[PDB]
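Construct the entire structure; sequences and hints are all you get.
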Amino acid sequence: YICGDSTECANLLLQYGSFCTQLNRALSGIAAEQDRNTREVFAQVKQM
Amino acid sequence: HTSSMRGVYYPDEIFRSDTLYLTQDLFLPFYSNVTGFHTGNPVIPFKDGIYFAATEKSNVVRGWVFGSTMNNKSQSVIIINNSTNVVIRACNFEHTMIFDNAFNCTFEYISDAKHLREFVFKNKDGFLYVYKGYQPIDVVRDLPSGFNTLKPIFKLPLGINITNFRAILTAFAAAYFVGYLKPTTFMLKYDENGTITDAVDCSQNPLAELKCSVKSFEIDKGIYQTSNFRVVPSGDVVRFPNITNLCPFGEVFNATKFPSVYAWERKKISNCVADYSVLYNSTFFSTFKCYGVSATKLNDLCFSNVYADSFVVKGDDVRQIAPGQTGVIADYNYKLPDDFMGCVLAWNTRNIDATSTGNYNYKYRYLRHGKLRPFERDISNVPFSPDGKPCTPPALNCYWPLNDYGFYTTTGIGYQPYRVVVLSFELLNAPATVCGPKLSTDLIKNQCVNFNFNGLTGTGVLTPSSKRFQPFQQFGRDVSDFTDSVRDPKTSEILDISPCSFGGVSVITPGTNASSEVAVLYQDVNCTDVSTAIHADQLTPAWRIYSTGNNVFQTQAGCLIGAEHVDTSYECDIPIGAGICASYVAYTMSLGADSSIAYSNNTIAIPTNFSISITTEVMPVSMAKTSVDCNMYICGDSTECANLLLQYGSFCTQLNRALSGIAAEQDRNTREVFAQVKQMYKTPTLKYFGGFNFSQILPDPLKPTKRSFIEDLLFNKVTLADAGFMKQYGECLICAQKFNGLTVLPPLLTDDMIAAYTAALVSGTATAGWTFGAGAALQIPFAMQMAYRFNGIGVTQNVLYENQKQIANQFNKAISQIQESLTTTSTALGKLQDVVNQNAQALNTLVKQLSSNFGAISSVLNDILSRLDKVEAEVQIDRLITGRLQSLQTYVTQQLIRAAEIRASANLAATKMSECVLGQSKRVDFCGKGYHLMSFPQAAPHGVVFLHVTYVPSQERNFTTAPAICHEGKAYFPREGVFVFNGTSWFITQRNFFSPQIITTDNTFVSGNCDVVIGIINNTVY
Amino acid sequence: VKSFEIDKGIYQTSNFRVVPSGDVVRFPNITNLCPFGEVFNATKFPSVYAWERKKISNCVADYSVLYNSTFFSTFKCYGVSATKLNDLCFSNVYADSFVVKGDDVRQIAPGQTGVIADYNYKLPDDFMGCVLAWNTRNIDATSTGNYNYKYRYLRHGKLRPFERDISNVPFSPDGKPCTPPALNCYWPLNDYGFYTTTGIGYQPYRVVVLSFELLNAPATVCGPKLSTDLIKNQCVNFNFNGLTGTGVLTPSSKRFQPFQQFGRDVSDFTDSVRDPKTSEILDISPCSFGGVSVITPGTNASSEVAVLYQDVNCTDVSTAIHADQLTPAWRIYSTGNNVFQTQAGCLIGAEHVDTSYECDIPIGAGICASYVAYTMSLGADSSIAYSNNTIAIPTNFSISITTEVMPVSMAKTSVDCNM
Amino acid sequence: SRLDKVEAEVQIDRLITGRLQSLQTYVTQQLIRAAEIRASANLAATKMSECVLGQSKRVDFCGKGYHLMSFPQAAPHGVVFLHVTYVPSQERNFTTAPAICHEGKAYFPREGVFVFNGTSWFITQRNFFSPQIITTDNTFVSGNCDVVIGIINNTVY
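Chain order of the listed sequences is A, B, C and D. First residue of the first sequence? That's 723 in UniProt numbering, and the numbers climb one at a time after it. Numbering (UniProt numbering) for the second sequence: 33 to 71, 77 to 131, 149 to 167, 180 to 238, 249 to 660, 675 to 823, 832 to 1120. Numbering (UniProt numbering) for the third sequence: 290 to 660, 675 to 722. First residue of the fourth sequence? That's 964 in UniProt numbering, and the numbers climb one at a time after it.
Hints are computed from structural coordinates only; laboratory data are not their basis. Wrong hints could be hidden among the right ones.
[Said to hold, decoys possible] Heads up, simulated DSSO-like pairs for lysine-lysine below, C-alpha to C-alpha not over 27 Å straight-line: (1) B/768 to B/796; (2) C/411 to B/188; (3) B/198 to B/94; (4) C/566 to C/521; (5) B/768 to D/1027; (6) B/1027 to D/1020; (7) A/768 to B/1027; (8) B/514 to C/447; (9) A/768 to B/1020; (10) B/221 to C/543; (11) C/543 to B/198.
This is the structure we're talking about:
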């Protein structure tokens, strides 16, 4: 989403910081949070 | 030969404390193919960068030869020790070997003036690095590999040359190990006393990339998302058009004459192949100003129908031929556009176009009503008047619209005639006309390839398209404006799928104590692309030690590598999005077993007995009160940088008010949770009521501690799982101080005060009645409380009478099982561990992005201040500020959202305390598992742990029903005695467990109808 | 907070610093004059394919000679601005001697592909010192010619940074070693062509390249700054041979001896140093810092105020105020007593009332203020013990009415985002 | 007016970008304010439907004690409720009487929360008072006599 598949631009992002790591951890944290949502809603049953 | 497995370079020359440190420029990958010479013949080993081991007792063999292209053709670094006085020369050619010839010699002489030696030699940017280290290994034992018992320390750099040749000067064990090195990265363990003792190599194992990622050696199990992959393109595709000929440029730049500027000429250049290298290396040209392109990478870039404009100007108007740049001539003669631009070429003609007597064959227009439009051409010669009204000269204020230039050879530099040709480029309107020399390579379908089309550069996979785009040129785009498809100049139209593929990998472990076996999750692929790319060695994060036995491609999560479809379903340890879970190995489903319960028309299930359970509850009520000095996290203690922040705005004031607002919000959270009590009560000093202990719930007054035994088990369980790295947060607990302006304030309520409210609530609950909001004390026998909670369920007080010792024993066994189930477990009290982990990761992320560059020089202020100017350096300092403003503001935002969620669960804790503790919450499954019946609060680090003490009826008997008992006109209804026990309509019982009753009138109820129901019931004697 | 009437409460306002009192400068021991006039006034320089590397170390320079000298024509510095070069010590600097044409002077730079820089003297990208060049149209060029200065112009591939190519073998573009006069087989050298009759761009420029390599060893070259004495345990300034800062130096219990002079953080700040006068010592972080707070009874009770310094010892603060070194220090200010309890380091303007109260104003350790500060607020005691035959049952009651305040809406705002 | 049309824009880009950051920060923080006011607004919509339109049985949600009534009142950007609660505040310190056995059988009060043990005189519920005759309709029958520690005799229903 930044730089596409350029090499030099990706080198500039490597000079920028750990920003992509923050975005993947936060957005993945939302991604697991959705599964906790659906599991806490439906999966309450002892026995089908 | 001998693939060894260690070699730990010292990357820096700086102490680090007990930490873990990732490092970019390291070498010697683990388990690499190491050759040896267990014979010895030193004839041709190559040096790219080397790692040596010497296996001689007391180090006889010690000679070193380095260079390139031997036998009197290049210099050579030689290292030979001379009785512990190391002789190092760097100019010899081909002991006695250095004295053969020293023909063209200049160099840097340096003299230092069981058993196992070891060396790391590395060329670096024109100067060579030497490390060395040794081990007292049993030397007869061949192939030792040195299992991380080695730390080669920095020895010697020097600046000479390329090395491409290596030899050893011996005294001819005779085994001598040589290993290459390879640039990746890896992670170093750093200990007390500056030692290493361990190091994880990255890029050899997905487990090892996980260890390089989440900064540990012990790693819990779970889906861990880490760095994404690419499929590296294998083939190149270049598709410039068909035609080829030489180009009419020397016709223009070597032309016989150019006209004036009001009659500038437009020459069209098309259907050609140019080079443009003639225009580069030519100081014959004086002015070469290119705007739209940099024109040096112009060669692989084809245009459509380029143009040229010929005119001749004075040098002072050369700065007027530019976008913008108003001027006079550019207003009146040749108006330059703003954006669409090629190049401007000008060169001097003081030999031909100007004589020392004059040459006025070159005129200019200088009068016009209004400016010109871009590439507007004005030709007409009519005399001027400023208000319409056509003159006739010599009428007054009526000039001619032209003048002469005035070039003499006697004049200086600024009055020299400059010829100007303007290249004008117009871009992708047609098939490509002009090109640089690049052969149109062949086309490859369905492979990860490179795009070099006449106006396109990219990377994709080309498929034949089913599409009709023929009147539309060569480029067919997206909503996001990326080219969906093309038209070939060799007449074809073809899509490209998007890139080849991509996606973030994931790592599945059983958790570093079960095994080191790992399963890798490639997310959004086909597994044809991936098994292709790995089995062609084209995948980007590909590891050294890696294989592929089986492969799972199921509905998502494209290449799951390292599992087997177990058709037996399990209880879903680790989740993967398609419904697929993993353990131990992956499988499809987890839903619990079957149950086949069908109602037959006369069927009740009613128990005979029950049990009492106690469940725990874990809720966060507070996060850590943090704060930021927003004038040392930016700029540190510089003065000039702080002046730039004063020019920036009121940003630090916003951050302190917002973050302090969170800080008070935490105290409102903890106060709203615990401080609900009208009146603190002492512990009753019995800790037994109706038999059963209340011990270990209330604090022990004999042993000098403030917190109860459950509570100390909780503080120890979170304390053993705290991410207590004291330096990163930097609090006072005697104090402790940290450099980066970043503090943690303590909570208002002390831990002993929290335990004081907790003991007040429990000790109040055991005595004093469940009434607390309405008088706060009513002094009840505790058995009578349990009778009234039993009354709150709907259970008869007989059940508290009769089975009282059974209730006491289930209570005490229950609380003992709570003590064991909180003693040595994982994932219980998981949430409170997760709060500390998340705030720890946020602060560590802020601190690491303090040390990150943003500009061009360094990440360290008070360093580029001394390195540089006061005025010129500030363009770096503004970048270092703005990056820290973004990284700081992000932290303020995300902790504000954390404060929102902890605020929400804190209000569930304030509600859940007022409901469950201070009364019997009738409503179903809010407080506990079953019928609620009691609870107790317990303090916890930044949290509350409840103990819900619920009634669970668990027995079954399968009776027949009895709704409506009619005899004569009238039917009788039980109305509270939930069913009439139909053991042929014998009794009356309520739906909790039992205690049947006589069928009598006071237990029943009267209606005057007999016959609507399907219930055929007679035979009562009340 | 922009008022004259102010309600009571902990009001956080602007932070403090402890201004450093003493300076510490610790450049190394050795001192001598420097071999620069040997180079910039030298008898001859060689060509560019045989550029020379002269090592400069264990010296004390000035660099003010190179500033005020229009004798030099070209002075291009990249890694440093070179004007503040004087108080900055390096380790083992280098010099490179060669002589070029003026049009190749713009090729001696990081980046800047050129032809000669591809073939003779490849410049690195990042690690860089300075480039000095000056004109020699009086000696190194005659009006009849002087072709003692050649250049290499043919090579299979670019050079690496500071790669040195010497060997003289005739060229062929596909391996296959020639023997002249075979066709398309040149020599790998050519001549320059400086005449005194030529203009400006054909004048011989001598170039010495300063190359700096940075903190790999103890400092070798320095500018004249006397190594001042060392002060322990005080808010002082760092001027070490590669370091500038502000801290408080403590003796360390540490074993860092094979590791050079600088011992860093996770956040990459220097935890400790090795002195060139052989000692190793930590510094605590800065001297101190933290945001102050202000405690008022609320502008109608009084104008008496109590100040809350957060993260200090109160030895540092009472020291710094009684040495007049604290940064936001006010004109009319005194210090009667002092409270240092468990946090909130210097609470100035209160007395520990051992009588506990109902906690008007909160301070994080459990400490509350009013009216004056104190330790606790929990409500009174109650001793209610169950005896085996005990009920508490009322006789009468009351009816109360309490209020409840809840927000349901904020203000509907909007922004024209084009004005 | 002070400067160029072309050269001044390198200043104007900075003045834009700062205003973009400062404006976007305002949009974010008021979005979070809207989240919190949304949350307490749903506590107001729930608390109105609970406390006003019925008697909320659940403890200390609506008011201080036993809830008994409420009333809404409008307020600037807010709601002020008036909870009208019952608070029992007197005390007398009696003796207990769990289980009254005479001959084989013990009798339980079952709603008349305690047997008033002024030597086992009456039957009263735990709100404030109104004791009752010990009679059978106020009591309940079980056929066991002896598990409890409660030694209680002398009824005349």
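Violations among the numbered hints: Going through the list in order, the structure violates no hint and respects every one.
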